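Below, in structure tokens: the form deposited without the named molecule, a single chain.
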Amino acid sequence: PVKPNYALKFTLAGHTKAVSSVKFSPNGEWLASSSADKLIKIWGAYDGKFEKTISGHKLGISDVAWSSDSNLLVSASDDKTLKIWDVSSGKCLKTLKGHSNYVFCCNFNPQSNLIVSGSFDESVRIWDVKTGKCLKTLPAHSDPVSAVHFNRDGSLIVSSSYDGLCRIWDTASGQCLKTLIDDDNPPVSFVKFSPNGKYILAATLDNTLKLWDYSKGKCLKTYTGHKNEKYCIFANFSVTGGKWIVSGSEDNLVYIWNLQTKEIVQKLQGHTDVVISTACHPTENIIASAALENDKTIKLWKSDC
């Protein structure tokens, strides 16, 4: 389609500090949000209706992520722990202790039997969901880890760091398979596998997004026009309608690019602070965006294509 037409439908207020990370449940019914106010909040994905608040962390939360069956959440906190939550009961099932600094990023594998985490302690850890035990500690980087993500079959982990590196790890052995970006500058602020696991979306703190061919280790696409020099902003593949790249920006907008042509197709105006997190609904043309302390709200946008 030439361009989407995302429009603001709901604004979700409730957090009392900067929002950090929003994620749609895989079954499409929920939006989960995490914030520096130490709280997780669950919202109706289609009407933004507040459902519950999930509490337990002693310090702010930087990231949250859903299990495959939409029943569990994992959260990553400045209190140096991750917590596994049962969403329906709101109870903490396990506290994952081991990191010696802020836990900044987390994700389930598709099987939902493992959790990967990255921390300011410059390590990546792989946890067993059932027992809460740390299975592997990877000396992954030499600076804070900005993102960790499994691929579609769970056999690979991509990690990024302020040391300027992006590395790909073999889940079963923890050994490095490849260093995709091997520079000491700029800091690599976010990474994510494409849905099919063949490409890696990478953000760097020079206002640049890139699409990398994992197998070839080569950059295929470069996306520019937004502002990103200070913070680790989430970025997404939007696949429900047109094939877009979606990202927040430090000029308080949501940017949407055509994946193939690299042209900006839309910019969503409304937030009053850095749009730190964006997320794309699994089935509908819906985007969730969240902003830092001057805003503290979540916005839901819907497009016809």
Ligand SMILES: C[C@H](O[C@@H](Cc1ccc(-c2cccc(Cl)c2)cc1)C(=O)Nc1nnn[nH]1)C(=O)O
The other form holds:
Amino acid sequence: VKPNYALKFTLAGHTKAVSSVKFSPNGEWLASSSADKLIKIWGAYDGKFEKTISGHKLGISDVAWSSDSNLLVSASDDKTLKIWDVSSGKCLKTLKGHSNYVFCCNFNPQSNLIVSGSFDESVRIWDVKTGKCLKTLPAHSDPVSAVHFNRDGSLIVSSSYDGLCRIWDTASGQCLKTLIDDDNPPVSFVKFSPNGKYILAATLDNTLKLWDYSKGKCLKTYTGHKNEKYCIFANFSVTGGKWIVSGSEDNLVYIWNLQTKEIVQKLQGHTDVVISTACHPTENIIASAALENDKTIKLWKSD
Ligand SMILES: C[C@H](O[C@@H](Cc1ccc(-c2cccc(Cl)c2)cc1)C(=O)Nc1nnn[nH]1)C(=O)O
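Having seen the form deposited without the named molecule, please provide the structure of the form solved in complex with the named molecule.
The next block holds the full complex; its first chain is the one shown before.
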């Protein structure tokens, strides 16, 4: 069993490197952030441009959706996060507190909290309603590349250039686990699996790893792509077959059979590093995005 992803739409508009792409949970929209200090909203099924959201003073590294698809959270080099009401385009809150670039962000499933990570080596937990910082965790000894909440929001997974993945108790802020393989390459990305038993981590030694968090064991390894420098997102594709999807420094989208770990498809088309990919929550759609030499988002579909 192999998928058949084929290019359907190319989305131009960003004037600088695209940093992240995310589909709304309701499946209606695609959000993109860029080094151009802007967030763009696109139609998930046709790639039709909807709107631009601006206000950040420097490049945006990440964007994330709230569970009801009404809010966006963005992380910027202007050392803030911003909470946006998508429909009205308004900036609800500006989260000030990090001392360096904010590199990653996410909402919890209940979307009353925001987790953020920064070049200041900390993980912060914010109140969505007030925009106040509830906890500052002295999480790592190098920049925090990714942060993500589990299925019920009781755990936060963080990764850093220091070579570690750490699991934090949302309520106490105590470190529950430190995950590392025998090698120490910088960990550029991490995320909990859709149902939360696993963690998918990306290292800067051209490797994707699937860990069983509880047992502290690496269960699967996915190789064949190139990733020695950039914080490339990776994803679980679960609408058709069960796959692992990731961008690559060789300008391709790689797709792996999750169980067998073999490459099932490679998507050719971008002219620069595929920095980010996203999988549609209900349809076999992959959104992919590239750096400065390309500046486009591509929408691929499988039948
Ligand atoms: C179905 C979809 O996602 C799945 C993705 C998945 C699928 C399979 C394996 C896995 C792990 C170890 C060995 C092997 Cl042979 C497979 C790992 C992840 C998921 O989240 N499973 C999940 N999370 N927590 N507990 N079960 C969804 O939940 O919509």
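Rigid core here is just the name for the largest C-alpha set that superposes within 1.5 Å across the two forms. Residues that one form lacks are left out of the comparison. Positions refer to the first chain, counted from 1.
Q: For the core superposition between these two forms, please identify the residue among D213, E229, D170, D183 whose CA shift reaches 2 Å or more.
A: The residue that shifts is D183.
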